[PDB]
Structure formats: C-alpha cells, structure tokens
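Before any questions on how it binds or moves, here is one chain, the form deposited without the named molecule, in structure tokens.
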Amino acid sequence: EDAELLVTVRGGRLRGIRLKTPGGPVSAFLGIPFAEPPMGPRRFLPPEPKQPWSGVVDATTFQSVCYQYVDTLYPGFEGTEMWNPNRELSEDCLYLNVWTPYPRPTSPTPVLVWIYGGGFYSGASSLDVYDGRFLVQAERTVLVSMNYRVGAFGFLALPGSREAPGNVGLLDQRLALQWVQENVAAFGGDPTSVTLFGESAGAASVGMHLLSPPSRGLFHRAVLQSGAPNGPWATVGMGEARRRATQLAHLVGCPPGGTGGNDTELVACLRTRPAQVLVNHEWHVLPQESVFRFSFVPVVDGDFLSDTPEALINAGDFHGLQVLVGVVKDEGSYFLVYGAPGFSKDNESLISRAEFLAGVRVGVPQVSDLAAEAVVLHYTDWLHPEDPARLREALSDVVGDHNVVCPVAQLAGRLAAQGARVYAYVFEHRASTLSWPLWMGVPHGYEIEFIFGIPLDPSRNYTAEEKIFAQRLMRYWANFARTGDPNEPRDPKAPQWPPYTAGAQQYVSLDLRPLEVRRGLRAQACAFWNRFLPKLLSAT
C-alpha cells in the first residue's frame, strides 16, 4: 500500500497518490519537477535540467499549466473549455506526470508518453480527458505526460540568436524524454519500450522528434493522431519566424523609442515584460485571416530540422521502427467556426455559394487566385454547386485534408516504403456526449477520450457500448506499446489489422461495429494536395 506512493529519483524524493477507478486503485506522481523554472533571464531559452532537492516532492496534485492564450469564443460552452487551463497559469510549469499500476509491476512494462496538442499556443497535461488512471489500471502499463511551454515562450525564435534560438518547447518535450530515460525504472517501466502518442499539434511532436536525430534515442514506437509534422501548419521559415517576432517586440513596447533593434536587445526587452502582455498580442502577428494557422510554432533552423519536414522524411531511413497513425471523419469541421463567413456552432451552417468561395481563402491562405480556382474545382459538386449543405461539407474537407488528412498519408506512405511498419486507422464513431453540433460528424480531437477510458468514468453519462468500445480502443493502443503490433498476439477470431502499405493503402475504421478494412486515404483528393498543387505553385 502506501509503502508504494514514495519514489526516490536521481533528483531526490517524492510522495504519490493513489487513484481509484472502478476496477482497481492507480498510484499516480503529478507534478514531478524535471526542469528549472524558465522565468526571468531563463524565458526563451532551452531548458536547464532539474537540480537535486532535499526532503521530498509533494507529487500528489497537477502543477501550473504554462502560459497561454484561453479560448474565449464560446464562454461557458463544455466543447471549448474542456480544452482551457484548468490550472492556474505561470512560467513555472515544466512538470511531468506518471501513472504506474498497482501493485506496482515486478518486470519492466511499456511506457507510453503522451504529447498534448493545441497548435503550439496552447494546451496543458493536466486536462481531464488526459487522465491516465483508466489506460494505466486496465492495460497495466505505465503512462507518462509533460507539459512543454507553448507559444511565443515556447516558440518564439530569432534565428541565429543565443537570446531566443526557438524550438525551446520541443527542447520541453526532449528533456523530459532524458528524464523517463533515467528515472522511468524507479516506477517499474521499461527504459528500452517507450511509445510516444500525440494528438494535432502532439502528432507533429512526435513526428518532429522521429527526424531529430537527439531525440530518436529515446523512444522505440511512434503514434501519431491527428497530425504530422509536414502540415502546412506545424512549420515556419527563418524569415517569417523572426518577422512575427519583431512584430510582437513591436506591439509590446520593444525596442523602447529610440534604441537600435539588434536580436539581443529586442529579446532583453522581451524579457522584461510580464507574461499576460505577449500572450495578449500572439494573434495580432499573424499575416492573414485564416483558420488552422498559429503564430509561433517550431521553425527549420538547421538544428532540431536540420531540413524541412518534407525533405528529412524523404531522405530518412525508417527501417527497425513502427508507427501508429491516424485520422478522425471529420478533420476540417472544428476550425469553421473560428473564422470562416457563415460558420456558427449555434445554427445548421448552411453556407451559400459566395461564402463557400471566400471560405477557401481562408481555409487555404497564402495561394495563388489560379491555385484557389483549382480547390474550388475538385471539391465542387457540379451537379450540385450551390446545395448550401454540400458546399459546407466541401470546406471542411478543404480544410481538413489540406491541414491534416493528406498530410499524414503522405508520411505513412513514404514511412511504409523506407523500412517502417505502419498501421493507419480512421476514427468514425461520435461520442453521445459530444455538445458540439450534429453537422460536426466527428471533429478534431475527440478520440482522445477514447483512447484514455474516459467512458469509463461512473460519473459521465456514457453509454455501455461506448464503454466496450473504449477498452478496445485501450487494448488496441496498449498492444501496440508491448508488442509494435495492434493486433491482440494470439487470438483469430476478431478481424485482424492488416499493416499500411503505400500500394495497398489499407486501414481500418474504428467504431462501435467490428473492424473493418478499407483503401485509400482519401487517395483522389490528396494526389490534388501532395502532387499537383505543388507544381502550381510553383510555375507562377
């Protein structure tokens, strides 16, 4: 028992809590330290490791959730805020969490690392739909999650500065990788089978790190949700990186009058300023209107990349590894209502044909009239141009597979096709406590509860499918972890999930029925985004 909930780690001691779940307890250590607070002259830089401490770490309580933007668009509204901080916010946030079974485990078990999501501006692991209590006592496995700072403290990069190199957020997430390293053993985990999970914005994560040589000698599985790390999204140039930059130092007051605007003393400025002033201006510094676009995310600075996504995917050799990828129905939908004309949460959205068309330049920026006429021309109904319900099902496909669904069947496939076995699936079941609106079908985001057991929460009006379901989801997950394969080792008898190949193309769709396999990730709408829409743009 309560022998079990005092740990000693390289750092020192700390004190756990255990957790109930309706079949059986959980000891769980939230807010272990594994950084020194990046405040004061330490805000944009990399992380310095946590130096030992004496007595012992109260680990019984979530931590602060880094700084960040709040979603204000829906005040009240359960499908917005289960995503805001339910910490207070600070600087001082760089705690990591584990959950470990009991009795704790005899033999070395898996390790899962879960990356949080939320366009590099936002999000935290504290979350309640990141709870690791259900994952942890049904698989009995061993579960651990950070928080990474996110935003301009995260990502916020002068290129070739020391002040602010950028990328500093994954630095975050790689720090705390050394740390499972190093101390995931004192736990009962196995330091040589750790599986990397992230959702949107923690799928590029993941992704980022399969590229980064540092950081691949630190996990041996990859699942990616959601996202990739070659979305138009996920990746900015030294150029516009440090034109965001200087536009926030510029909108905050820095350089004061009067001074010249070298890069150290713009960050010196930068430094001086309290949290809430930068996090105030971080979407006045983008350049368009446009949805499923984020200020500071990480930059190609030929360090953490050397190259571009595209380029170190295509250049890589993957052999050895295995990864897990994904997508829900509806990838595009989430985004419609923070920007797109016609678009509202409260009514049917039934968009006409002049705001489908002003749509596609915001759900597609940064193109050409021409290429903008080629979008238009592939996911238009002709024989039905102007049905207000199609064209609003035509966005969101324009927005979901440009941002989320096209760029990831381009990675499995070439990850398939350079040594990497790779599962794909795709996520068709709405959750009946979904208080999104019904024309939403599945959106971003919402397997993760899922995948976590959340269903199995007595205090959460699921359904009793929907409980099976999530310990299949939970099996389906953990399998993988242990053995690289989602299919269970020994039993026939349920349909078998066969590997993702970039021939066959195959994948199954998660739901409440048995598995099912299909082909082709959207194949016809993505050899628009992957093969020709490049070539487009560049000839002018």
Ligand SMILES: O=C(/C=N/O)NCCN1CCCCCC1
Second form
Number of protein chains: 2
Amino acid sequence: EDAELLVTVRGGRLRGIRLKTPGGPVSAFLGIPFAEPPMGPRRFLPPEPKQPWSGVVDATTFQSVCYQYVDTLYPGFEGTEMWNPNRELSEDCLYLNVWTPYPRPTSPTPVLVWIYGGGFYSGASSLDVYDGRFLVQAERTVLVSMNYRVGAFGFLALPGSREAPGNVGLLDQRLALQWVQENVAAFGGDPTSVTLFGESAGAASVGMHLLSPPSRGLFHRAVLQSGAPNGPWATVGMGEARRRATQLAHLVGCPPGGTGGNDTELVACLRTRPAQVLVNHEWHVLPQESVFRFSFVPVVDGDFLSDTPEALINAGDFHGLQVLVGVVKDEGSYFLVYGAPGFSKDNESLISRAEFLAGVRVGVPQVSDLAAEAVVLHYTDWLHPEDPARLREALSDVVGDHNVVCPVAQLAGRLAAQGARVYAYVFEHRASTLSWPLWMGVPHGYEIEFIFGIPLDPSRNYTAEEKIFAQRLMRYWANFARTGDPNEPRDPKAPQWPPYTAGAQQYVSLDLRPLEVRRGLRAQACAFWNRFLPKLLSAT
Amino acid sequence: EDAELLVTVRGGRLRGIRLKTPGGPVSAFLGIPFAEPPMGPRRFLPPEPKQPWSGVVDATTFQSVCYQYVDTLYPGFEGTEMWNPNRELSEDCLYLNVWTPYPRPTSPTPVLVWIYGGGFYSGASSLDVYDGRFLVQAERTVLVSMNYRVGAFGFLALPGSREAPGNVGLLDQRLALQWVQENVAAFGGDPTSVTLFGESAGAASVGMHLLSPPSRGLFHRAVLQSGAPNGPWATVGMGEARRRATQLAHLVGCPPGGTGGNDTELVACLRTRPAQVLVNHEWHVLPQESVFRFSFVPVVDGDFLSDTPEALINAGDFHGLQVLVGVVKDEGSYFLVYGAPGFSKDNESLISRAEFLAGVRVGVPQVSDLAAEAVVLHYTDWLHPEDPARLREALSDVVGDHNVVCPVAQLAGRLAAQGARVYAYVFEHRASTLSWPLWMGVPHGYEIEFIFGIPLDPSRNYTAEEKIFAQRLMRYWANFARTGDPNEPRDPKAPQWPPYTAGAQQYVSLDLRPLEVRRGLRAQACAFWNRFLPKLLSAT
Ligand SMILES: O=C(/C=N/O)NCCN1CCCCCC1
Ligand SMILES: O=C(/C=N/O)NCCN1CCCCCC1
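Structure of the form solved in complex with the named molecule (previous: the form deposited without the named molecule):
And the full complex, kicking off with our chain again.
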C-alpha cells in the first residue's frame, strides 16, 4: 500500500507517488538527487556524489531541467514543443527517477535505464513521451532515467585543462549508473541485469559507455535507437572543442578587454556569467551553416574516450554482450526544416534541383566540392533528375544515412563480427496522431512513444491497433532486457527475430504487420559513406 | 535473267553472280575495285580512286582480306573463327560489294551501307555473317559493303607528316561512299537515300563520318550497333599515336641502327618491311595489359576530326538526321576471356573477390587507384560482395558500360537533344546456335546474324521463331532506311517504337517477345562514367 511509497537508499529516505495506468498502479520515485548541484565553482566540473541527507526527500514530482536551448522554430506546434523543457530551467538538475511495479517485486528484477537524446544540447527525463508507467506496468521491470548536463554546461571543453575538462555530461550519466548499482536493489531491481537504452544523442551516449572501461562495468546490455557514437555529429576534436569554447567566451565578453586568456582565467570568467547568457550564444559557435550539427558534444580527449569512437569500435572485443540497434524509416526528414533551402513543414517541400544541390552542402557540411558531387551522384535518380518529390526524399536520405543509418550499420556490423550478439530493426509505423506533415513519413524520434506504451494513455487518441502494437514493442524491449533476446522464449508461433550478422545483415521491420525479415541496412548507400567517401577525402 | 548480271559503272564493266535464297534469287557484284591497290609507296597513304579498266572485271566472288591479326585464342572454335579472314590476306584489298534485288529495281531504292567492326585491327566484308542476300531479298533494298585497311596499314599515324597522316582506313570508307554516290544508281539504288549501319568499330566509324563534314554529305541516315566514336577505345591522341608508331618501327628494326629517325626515314623503313612482319608485332605496342583496347585506331589530328569526338558531339547541330542506336544485353562478357584473370570460356568463370579487383584494372586500364575504388564501389553488391556469380556479371557490366553502353547512351542523348531523331534498342535474344558459354548471355556482336537474316539460311539449325524474329528485325532496319522510322508506316497492330529523347530515354527490347518499351540505358551506371568519373580524374 502506501508503505511501498517509502524507500531508504544510501543517501537517506524517499517518498514516492503512485501512478495510475489502465492495467494497474505503479510506484514512482521522481526527482532523486544523485549528485551535488553543479553550480558556482562546480560549473564545467565532473559531478560529485550527493552527500547523505536528513529526513525524507519528496520524490513525488520531476525536478528541474538542465539549462538548455528552447526550440522556437514553430511556436505552439506539438511536434516541437513535446521536446522542450516541461519544468523550470536550473543548473541544479542532477536528479534521476525510478519506476517500480506494484506490488514491489520481491525477486530481483532486470532494470532498464533510459538516456534521453537531444543532440547533447537539450532534453529532459521529465518529458511526457518518456513516461515509464506503461512499460513498468505491462512488463513488470524497473525503469530508471536520469538528467545530465547538456550544452556548454555538460560538454564545453578546454582539452588538457582542469577547470573545464569536458565530457562532464557523460560523467553525470556514469554517476547515475553507479547510483543504480548501489541503490536499485531497494526498489526491487537487479543490479546484475542493467540494460541501457537511449535515442539519438542518448543512443550515442549508450555507445560511448560501451567504449569506456569505467562505464562498461555498470551495465550488461545496450539498446541504441537512431544513434551511434561513431557518427559525424557525436564527437569533436580537441582543437575544434577549444575553438568553440573560446568563441563562446568571446561572445559573452570573456576575457574582459585587456586580460590574459589562459584556460584558468577563461573558465573563471565563464563561471561568473548567468546560465541563460551562455545558452543565448550557443548556436553562434558552429563553423558553418548546417543541419544535424551541434556545438558542444563529447570530445575525443584520451580520458573518457581513450581514442576516437571509430578506433575503439574496430579494436574492441564485445564477447558476452547483447546489443539491440535500429533506426526509423525516415531519419533525415525532421532535420530538413532546420536549414535546408525550400523546406517547410506547412507545405509539400517540393524542392527544385538547385535547392537540392544547395541542401547537400547543408546536410553534408564542410566537405570538398568533389565530395559533394559524389553525394549528388549516388542520391540522384538520373531518369528523373528534376522531380521535386524524388529530390525531397533524396535529401532526406542524404541526411539520414550520413548521420544515423550508416553510422548505426557500421557499428552493428563491427559488433556482431567481434563477439557481440546484435539484433537490428527498422521502425516503419507512422503514428496516427503525428502532427508533422505527411511527407516526413516516419520522422526521427517518433518510435519512442510506442516503446514507452504512450498509446495506452486513455487521454490520447491512438487507435486500437497501435495499442496492441505498442504492447508488442514493450514485450520486445523487456525480453531483451531480461534474456538478451527480443524473441519470446515461450512462443515459437510468433515470427522469429533473427540476430544481425556482418554477413547476412538480417533485420526486422516494426509496424502493425507481423515481423518481416529483410537483409541490409541500406548496404549500397552505406558503402558510399563508410568505405568510399573517406578515401575520397584522404586524396582530397 | 543473265542480262541483269552485267553492269557498267564509271570505271568499266562488271559481271555479277546470282545468289539463291529460299524466297528468290539476288544479284550480287562481289569484289568491285574502288581504289588503286595501296601497295609499295602507297602504304600508309590516303586511297586514290581506281583508274578505269578495259574489258569485264569479274565480280562473282569476294576479293582479298586486308592484312590483319588472326585470332588464335581458341583454335577450331566457331565463336572466334567466324570473325577470322575467310580469304587470303593482301594489301590489295580495297574492294566493295553490291547486293541488288532480282528483278533489278526500276525505281530508285534506298541503299544500306555496311561497315564491319573488329576494333580497327581486323574484319572483312566477306564474312559469312555479313551475307546480304537475305536482307536484300526480303526487303528489296540495295546493300553495299566495303573493305577498309585495318591495323597499322589503316591507322598508323605519325601526326603532321605526309608519309603517314593516319585515319587512311576511314578515308577508304569515305572513298567507298563517294563510289556509292557515283555508281549505286546503275544497280537500282538511290544515292539520295543512303543509310550507314555498322557494329563495334564499324559503329564508331559511322559516328566519325557524322562528325566529319566531307563525309556527312555522302549519307543521310546512321545506325550504330554496339559502338560509338566517343568511346575510350575508338580514338587516340597525337602523342600516343606517335609513340605506338615509333614502337612498332623499333620492333621491326626501324630505323636501322644507327641512322636518322625523322618521320620520312621512319615510314620509308616501314614500307620496306613485309606486311606480315608488321602484323606480328601489332599487339606488342599497347601501353598496359588490358581488354577492349587496340593499337592503331583513328587519331585526333585536326584533319578528319577537327576536334575530339566528344567535343564535336556536344557542339554539333544534327537537325534533319535520323539515328538508330542500340546495344546487346551483355556487351562486356565476350572481352573478359581476353585478359581478365580467372575467366575461361570452357568453365563457369566463377571468379573470386581478388580476381574481380584485379580484373577492374584490366577492364579499366591505367586509371588512378582512387578511380578503381569508385568503380569497385559502384559495381559491388555489398550484400553479397564475395558471390562469384555476381562478381562475374559485375565485371562484365564494368567492361560493357565503360566501352559500349555509356558511350552510346551519351551519344544518343546529345543527338536527340540537338535536332536528330533517335531510336534506341537493346538486343536481348541469345541465339539457339550460339557456341559461346551460357554465362556470356547475349555477347557483343551476336545481333548481326539476325539483322542480316542468317537464320533464313536453310543449311543452318535456327529455330522457327528465330526466322520470324530475324524477318521482323530486317523490317525494322529497312523501314528506318526507307523512311527514317523503324515503325511500320501504316500497320497499327504491332506495338510502336517511340523515339529516344534526352528526357524520357525510351528504348525497346528486341527478342522473341513483342516490342516492350523501357526507360534509361543504364542511367545510374552511366552517370558514374559520363558525369562523376571525369571529375574524379581531373582532381587526380
Ligand atoms: O536550431 C537551431 C537554432 N539556431 O539558433 N539551428 C539549427 C540547428 N538544427 C536544429 C537542432 C537539431 C536539428 C538539426 C540542427
Ligand atoms: O587478342 C589478343 C592478342 N594479344 O597478342 N589480346 C587480348 C586483347 N583483346 C584483343 C581483341 C579482343 C578482345 C579485346 C582485347
């Protein structure tokens, strides 16, 4: 009863809240502090563990969202507002949430840990689409989700220095994983069966924890949804990260005119600026106009990432690891209304040939003109080279394959061929309540609502098929969290999900229809990005 | 009767022979001299018109074949020896043949002029597969075919000199066209309706006469079968042509060590060598190991070709011209047994991945390593990158597209978009009597026997459907020769053959089935060869 809403952890006591679902109640503990507030002199520093507290911390509501840019491209539009912060912004944001079934599991239960995306510049665990009450009720697992510092507060890096080493947002996630190992048993969760799953930048974060030894021991399975650490947007070099941090300091008047600009005096000036001031100049440090590019992302520093993600993936041994990867059908369509010429969510975006050629330079930023010609060659239907509809779908494939599909396929192939058991999927169901235009198809990020069982919410207008389809996906994710295999171990009737291998390259399609096995995650398109295009740049 | 076998031309009197067909007799005049024998001091010189003769020249049999290399790759094999000379070799070979229907047409009849192929190093108008008795009988047209000098005797060029200017083999064809304008009326032919049609190097020759003003006035229609003048094999630069001519001279002891080596002394030494000696060292002149490359080809000298064929095609007005172009289904499979590793006509040629990678360098001779990577990328099925059968068909596509299909498609597109009406086809029928292995499919050059109605020969074992198929093809070629349109001028029952345009790119498939309209002569593959690869070669 109400006694299950009281839980004692290593830091102190907590009071949770009961959440209602159409199938039964769920105990939730929202806003658990796992770190000291990274404010004042702690800005840009790695997180410190939350010191124990006296009394009962109220864990009945979500805590504050980390300071981040708020999207204003389409004010009042559900498709964009659903990702904006739904709580007040604050640097005091290092809090996590725990959903546990009712009654509380008496036996150790596998744990799912969600890491939200948002290009490492935005996101929050309090968003309605991340509501874990339906996944926990239907599958009786323990779900944990944490907040981590985004933007400059989480990834501004002056490499080599000590006042701003970078990757502190990744250390926020690692500390939350250490908190799960020390306290998830109090909620009925098994710390020996922890499955990380995230989307976009969260998926890239899950991949970077696979490549970091201090983080690898905190979990046992990984699910990467529409993201990978080896993408062209997930990491930056030490020289570029220093240029962006110095440019942001210049934009906010750091250092004051006539003062030396070493790393100590530069970060000290940054720590005196209000948090909103740094956010208002975050986008003004990118090197060129582009889409799917972000200012402050994880940096290859030799510490958290001893080498580039590509180098660590190639030289890595992943025996004893189960991975679930996948993408949506239209990964790049969402990002085209953020810079590609001739695109608009309120029309058909029937772009011309000239707009397609210009959009390639925005979708593939800062590459040689010869490299851009190779992209146009592969993504042009030369039997209909001027068809606006085909060009619109072509540029969507350019951005999606370059940033998501091919980095994921590259990762999935190296993982399976080096010990790991990999399962791959392609999400091909467009939600009936999707507010984005029809030409975007199945946009990036809109499989999350089905993984979290949002169609089960009675206050929403999802169809009856989508409710059954959502329960299938929650079954897939939970079975992978329990056994490392998305297939139901009791049911040979259901169509089987074959593992992904570097040779067969088998994957399944996720939609209202039963499972369908296909081969190749755009093998022809991803051979251009992963094999030839690097050689075309090496010769310049 | 026998009176129609007697014909007087401008040079003198001729006696022909009556040829029998299952549908009626045909009057033939084989071995008509149209030029002085290019022997002795006339070697390497342009042809001179045949001086008038006394008495009756016997024109009842084919004359001598020009000196040329004889294929010895598969001795005793029908597939190769059907192209070898069937008459004695001699430099006295400039003779032409005329087939005219019986009874002789009283009205002017459209004239077809055949130019044989053979990589500009071999070929003869006396070959059995060029027998024009069936095309002339079934369609009541006048057919002319000539011999032209091949190899060094026709295309050895010391550019600038007067002793060996090059392209004299093309001038032999031009002189034969001037002979048709002056004498084809005596056989019942119309000198105002002359249609050139050729194959491989013959098709390239037909294209070069389109781009040469002195030759363009001698004909009115053109048919290019599996060849184009803009191919990477049909022409050679002035510097490379001088190196090959000097290397051939060195191989035969010219100049005698150690005397001067100016162009006059070099050609004088070459004219003293027996003709067979020059032939025996022809293949030891090419720069690298390759297939679909030939030693002595037309040279871009500024005379016969004022510029490169590519430049003349782009900056040319073709209004009032009707062109019929096309290719066979498997253009490159025949050339793979002539140098590609792992290939053999007597096995399945299931090559490995390494043999495919090495074969690309032979099929695409002397390109940058980066260019070879681009070819490997485009022609590799990255879902089955090691499948021997797919690699065999891939290398066949590499050679066929690079040398035939894409040069033809580039030509057909420029002709259609600049005034000329173009009809395109793809020959997809494999002859039931074909001696080449099954994996070659429809090899290069094996549509000729159907164009000339060879299945109508009662001494051969063609099927009943192939006889009907050959008759329908002869009607297509004759209708184009008569009216400029391969379609039936009045029959609406049979499906129509739409023209080829640079936008729609419509073509028809020629096989036992009725006409089927398709779009794009391998538009995706040929965009790589015609658009992207030249830019990759510019930026080395
Ligand atoms: O969102 C902005 C704000 N600029 O001030 N610019 C475009 C960046 N877009 C939006 C961020 C994720 C989608 C692709 C990249
Ligand atoms: O036939 C020879 C004779 N070499 O001495 N070599 C193979 C090169 N071939 C020759 C012409 C037929 C296939 C195109 C390239």
